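Colleague: Letter by letter, the chains look like this.
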Amino acid sequence: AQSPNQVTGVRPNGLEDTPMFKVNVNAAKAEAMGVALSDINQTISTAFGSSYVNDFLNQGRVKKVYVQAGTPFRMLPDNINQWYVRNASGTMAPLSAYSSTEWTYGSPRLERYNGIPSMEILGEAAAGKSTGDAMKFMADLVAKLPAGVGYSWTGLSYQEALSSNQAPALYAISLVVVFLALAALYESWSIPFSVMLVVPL
Amino acid sequence: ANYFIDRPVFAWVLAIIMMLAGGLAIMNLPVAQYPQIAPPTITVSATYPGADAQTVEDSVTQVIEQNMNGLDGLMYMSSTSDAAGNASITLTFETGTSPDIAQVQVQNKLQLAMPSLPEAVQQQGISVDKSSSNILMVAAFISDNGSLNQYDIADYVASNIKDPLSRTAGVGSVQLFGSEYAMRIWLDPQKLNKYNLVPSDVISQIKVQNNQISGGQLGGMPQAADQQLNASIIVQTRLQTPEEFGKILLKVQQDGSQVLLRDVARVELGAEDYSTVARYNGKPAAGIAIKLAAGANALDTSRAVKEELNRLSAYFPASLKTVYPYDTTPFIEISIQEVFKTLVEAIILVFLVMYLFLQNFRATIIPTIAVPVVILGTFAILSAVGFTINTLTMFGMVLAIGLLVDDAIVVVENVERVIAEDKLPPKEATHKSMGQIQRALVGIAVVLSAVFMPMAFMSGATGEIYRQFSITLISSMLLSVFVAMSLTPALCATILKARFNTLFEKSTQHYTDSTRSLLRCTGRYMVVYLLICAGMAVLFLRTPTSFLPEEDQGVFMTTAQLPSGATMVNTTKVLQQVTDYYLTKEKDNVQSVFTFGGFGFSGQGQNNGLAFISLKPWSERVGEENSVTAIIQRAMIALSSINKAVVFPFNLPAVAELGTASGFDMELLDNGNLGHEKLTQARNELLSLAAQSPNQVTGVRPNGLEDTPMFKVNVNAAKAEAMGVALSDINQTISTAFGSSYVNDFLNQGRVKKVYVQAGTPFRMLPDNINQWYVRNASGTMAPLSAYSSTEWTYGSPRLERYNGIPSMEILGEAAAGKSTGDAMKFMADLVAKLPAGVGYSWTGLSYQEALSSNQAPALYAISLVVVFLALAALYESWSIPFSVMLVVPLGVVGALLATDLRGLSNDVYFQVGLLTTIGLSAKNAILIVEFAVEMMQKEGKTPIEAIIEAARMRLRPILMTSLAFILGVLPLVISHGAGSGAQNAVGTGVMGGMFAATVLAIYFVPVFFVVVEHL
Amino acid sequence: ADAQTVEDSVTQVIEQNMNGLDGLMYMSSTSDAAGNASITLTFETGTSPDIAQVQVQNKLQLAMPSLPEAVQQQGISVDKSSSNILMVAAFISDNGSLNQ
Amino acid sequence: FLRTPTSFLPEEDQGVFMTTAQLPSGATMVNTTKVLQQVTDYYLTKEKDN
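Those protein sequence lines, which keep their order, are chains A, B, C and D.
All letters in the first sequence, in the order written, are residues 705 to 905 by PDB author numbering.
All letters in the second sequence, in the order written, are residues 2 to 499, 513 to 1030 by PDB author numbering.
All letters in the third sequence, in the order written, are residues 52 to 151 by PDB author numbering.
All letters in the fourth sequence, in the order written, are residues 554 to 603 by PDB author numbering.
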């Protein structure tokens, strides 16, 4: 970002870390009162997640059936206080009794490249500069990073690097081929040498 | 054609293009020890933890078999059900079938059949695998002193080594010899009884508490207006430590004390599969086999794999070393080096023959640069037609070298002779000589192509090897003809300029006067010829038949088998004795011993063991006392006193496809409806009827285990139901206690591992242990399992086999001293017919190949002979002239047969191809002589006798030069007795004994044949 | 499921088996907080898409037993089509009778 | 030749292009819809000629 004359609009192609909610269920207290941990987990998962139950028919097409809590009852961390779990004797006990809530942090999207963790980065080249110059500048910048991080070119950059690397060998092979063709066509080694001196012109 | 003589620059440009294309081909051409020889096979593997052989066969094997239909190119299918709970079905497909298509078809069929299988085998997952067995490296990892056991090494190599590999350029498949980690929970019947618990409760609590719960989202959609919060919810995560598993709450007592898993069981990070003990030189170890890819370079792949292992060695925990048993790179490198050395020595010998006969350095120059151009062009053609660089193709190149030498020698000698006489300038002499031998060269090319085609047009495993050899020879031949017709004339026109002599002149005069004395009573020699012909027949009836000579691969294999019902303690002791012997009595030769106890060749079991012995390099073992065959023949004597094992050493086959070229593989299908006992009765009637006649079959033996004692538990369902105990609970507690119980998966350091529940060791070792387990009533009271159950001892099969959906026995055997394989297969056939009514037989594996393609080579060679005769008739423009050429190649084959008999070798593939090359060269010489005679009859107005004598006189020198060059070019092959000496010795013997007899017989026998055929 | 749960179980289990392919150039993978694993294997030019898909689905069933339930129930999609949109066709309502 | 810049393929005017809007982490769709409506109303008003 502090070198706008070579690369512009460098941005990450990913999502940044976000706060996440954690619920800790006291299995010991739940078993002491009589409610089951499976019931608590299923209640939470169905209330705040979803539950694909069955298929039904609509206008002659098979569609899915989903069970979820209402919109007002899954918007806030305090809404967990509103849910109840049935005991083994039939009495209902609040879910807020045998539970504790807290906040942590976590990444909403994890990316991997060739089997190792990675972060995709996009960006354009500045006015006047080319894609190759931007690629070289990016490689130089990555070289100035903490030890242990590397860089890989992917997508269009892969093909660009391959073409730029493989062009001169193609030039040399084409020159050799045309030289040999001239030597074969005109039975002399003087004509090819007198002709191949014009290529630089 | 002849217009290249006027344009040397065109010929030089063509040579440069050929050399550049050859260099490009060598730069990127796959290399390997052998190509794909075996027909594609697909292996289906299923695991039933704790099941028996009969249970596996009834549940998994039969169900998978019944759905194995609709597969294209299927040849046969064989299934095995073990006593460890393993079902393995191998389906063999026809050669040429795409392995990926066959694999996907088998996988789809099994995928549709999956719901019919029990849940226990669905949980494990049935694996469908391609099979090529082109193992490149068997690199293993060892712990130095005692720190890391076999399971720690196996888990580390599974989680931090396999994934860095399997993605290296040229690596196709990585297979592991070991078991990863698992969460082993060892139950205690007394602790379970104290708390009134059963294994079902433990399994249920593990399933509910080692769970991943999808919490959902706070916020989410649909959401209310002005919502500003949206986060994920975490409820539960899968456990990841043994201590976490030990805190799993099972029940809460009325007192209030919490009952945990650790209160009733021992939780430990153990192994998934405990039934294998892998030791390297006596120390725990785990290994990996790398299987290479298609289109990859076996040299750079090996170098990159070694580099990656060296890089990862810095991350090893402690005292972890990487050894490399069975590396096949040295043999490929040796083959390439031998090919290059043979080429260089052949070039030097050609130079010596030229500056011994012709006495002109300019003459010696031309072949020296002609041969490498053709070799490089052959490499380019091999790359173009999609062929890899293996031992067979390189050996075909080795023979091709002499094939090229012959053409270069004849062309240059003819040009030099036409310069020597008639006082012609080099250009006009080149034009004349090329006019003389153009049609002869074209006819020679066509004849040799027709000769080499039958090897190309074969079928089976042998057909692929013959394809490699024939393609290499044909490409080299055609390119040599093109080069001798394009470049060599131009070089002769441009480069050439206008003691031994006395001896050669005297020899020519001797041949002339011998022919003058002969050609008057040819009839004598006529019948004499028949005598040699007769001898050839008997010779062809004496040489033994073998597929490929066994080579000094540097590794060999020893199998130890305990009698029956023997635990792994005795097998481990036996393997320890074996490795101690191999390491203290052969320390100079043997480098390492890799012993796998609990896994044999006849099936996995506790009474089996295998050992791979790796030897020192050939540079450290020299002579016959330090050879593989001698080493195993010394070890067999010492290991016969192993005290209650059937330990037996042997050498690895040259190719994993097959060995024992004399043995046979047959399966005795039961058919009908007779059971396992009535089939083993037939199998016992045989191996005895066959043993009563040892003049045809020697080693008739069964490839399978025999009946073993088994424990039977009879549960009184009525008594249990009367007492309130459910039969399901009784059947589940025993199964979970004695066999493993796979519960679910957990996360170890980010990798998914299994959780298993089983009883502790001291509680599942004796029949009395079943008296220690209790089951809960419906009222909550525990009662012993010994009340509703009784115990009994029966007999049962620890390994069942099926062939094509029918029970089989797979009685593999061997051939007699000399009886051929076909006679053995025709004896065991109708030996099965003497067996009781109901049974039948099938030939599988090797005997299958010699059951569908048998009368093929005679037809191919008859067609080849007809094509050769037609080509000769077209060349000579007559119907009787070709016979005088066709009746000479037996003289070529007779000497090769005699020499091979003298050396004591067998009818190897290398011998066959060398014999074909010698026949081709003899035919070429005869064709040239007869062409010169026919020309001197057409023009110059001469009788058939004087023409043939003068043609023989003219062509004596090139024949001698080519014979000397080829004979001395294969001389080092015979004298070689080191690494890669089998094929080398075979080709040396064949070529050296064929070429000399061919030339010696032909140079005298051509005129008499010519005059006899012309008279008739 | 969360992003970490998917990336640990599903993404990594499937990715651990995509090794022995024919002309694999490179493999990328994403795991989302909406419960989505998006492995993508880019092969060499000239490779047959049918053969590549066959190999990928052959190696996927070596990891399918290790995948958790509610992931096999929904289904594993193996697609050999292009990864870039060719054309988008939207549908609207003139007056506004039908909603989204 | 050593001073000329390298590239792969020149950029073209295909008649269509894209816009990506990314809100701070932890935001809801109530704000993303407003941001996307702002983008739409800018494109349809300040660039209605193209």
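Heads up, a few of these hints could be off.
[Claimed, not checked] Listed next, with one range per pair, are the computed distances between beta-carbon atoms:
#1 B/301 with C/141: 48 to 54 Å
#2 B/134 with A/805: 55 to 61 Å
#3 D/582 with B/112: 51 to 57 Å
[Unchecked claim] In silico EDC-like links for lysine to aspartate or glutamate, alpha-carbon gap of 20 Å or less:
#4 C/110 with B/101
#5 A/726 with C/83
#6 B/248 with A/735
[Claimed, not checked] Among chain C residues calculated to face chain A with C-beta under 10 Å, some are:
#7 54
#8 77
#9 84
#10 123
#11 125
#12 127
#13 128
#14 132
#15 133
No wet-lab data here; the hints were simulated from the structure.
Virtual Cβ for every residue (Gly too), placed ideally from N, Cα, C.
Colleague: Take the hints in turn and mark each one as holding or not.
Modeller: Now for the hints, and whether the structure bears them out:
Taking 48 to 54 Å as the suggested C-beta distance range, the pair residue 301 of chain B and residue 141 of chain C conforms, at roughly 53 Å. Here the CB-CB span from residue 134 of chain B to residue 805 of chain A is close to 58 Å, well matched to the stated 55 to 61 Å. A hinted range of 51 to 57 Å is violated for the C-beta pair residue 582 of chain D and residue 112 of chain B, which are about 40 Å apart. Taken as a hint, the residue 110 of chain C and residue 101 of chain B pair is honoured in the structure, with Cα atoms around 11 Å apart against an allowance of 20 Å.
Annotation: proposed proximity of residue 726 of chain A to residue 83 of chain C holds, straight-line Cα distance about 18 Å (limit 20 Å). Of the supplied pair hints, the one linking residue 248 of chain B and residue 735 of chain A holds, its CA atoms being roughly 14 Å apart against a limit of 20 Å. Given the 10 Å rule on beta carbons, the hint for residue 54 of chain C holds: about 5 Å separates it from the nearest Cβ of chain A. Of the supplied interface hints, the one on residue 77 of chain C holds, with its beta-carbon coming within about 6 Å of a beta-carbon of chain A, less than 10 Å.
Because the smallest distance between the Cβ of residue 84 of chain C and any Cβ of chain A comes to about 4 Å, under 10 Å, the interface hint for this residue holds. For residue 123 of chain C, the interface hint is violated, the least distance from its beta-carbon to any beta-carbon of chain A being 14 Å, above 10 Å. Because the smallest distance between the Cβ of residue 125 of chain C and any Cβ of chain A comes to about 9 Å, under 10 Å, the interface hint for this residue holds. Annotation: interface hint on residue 127 of chain C violated; nearest CB of chain A at approximately 17 Å, more than 10 Å.
At a threshold of 10 Å, the smallest CB-CB gap from residue 128 of chain C to chain A is about 17 Å, leaving the interface hint violated. For residue 132 of chain C, the interface hint is violated, since its Cβ never comes within 10 Å of a Cβ in chain A; the closest pair sits about 17 Å apart. Hint status for residue 133 of chain C relative to chain A: violated, with the closest Cβ pair at about 13 Å, above 10 Å.
In summary, the structure is inconsistent with hints 3, 10, 12, 13, 14 and 15 from the numbered list given earlier, while agreeing with the others.
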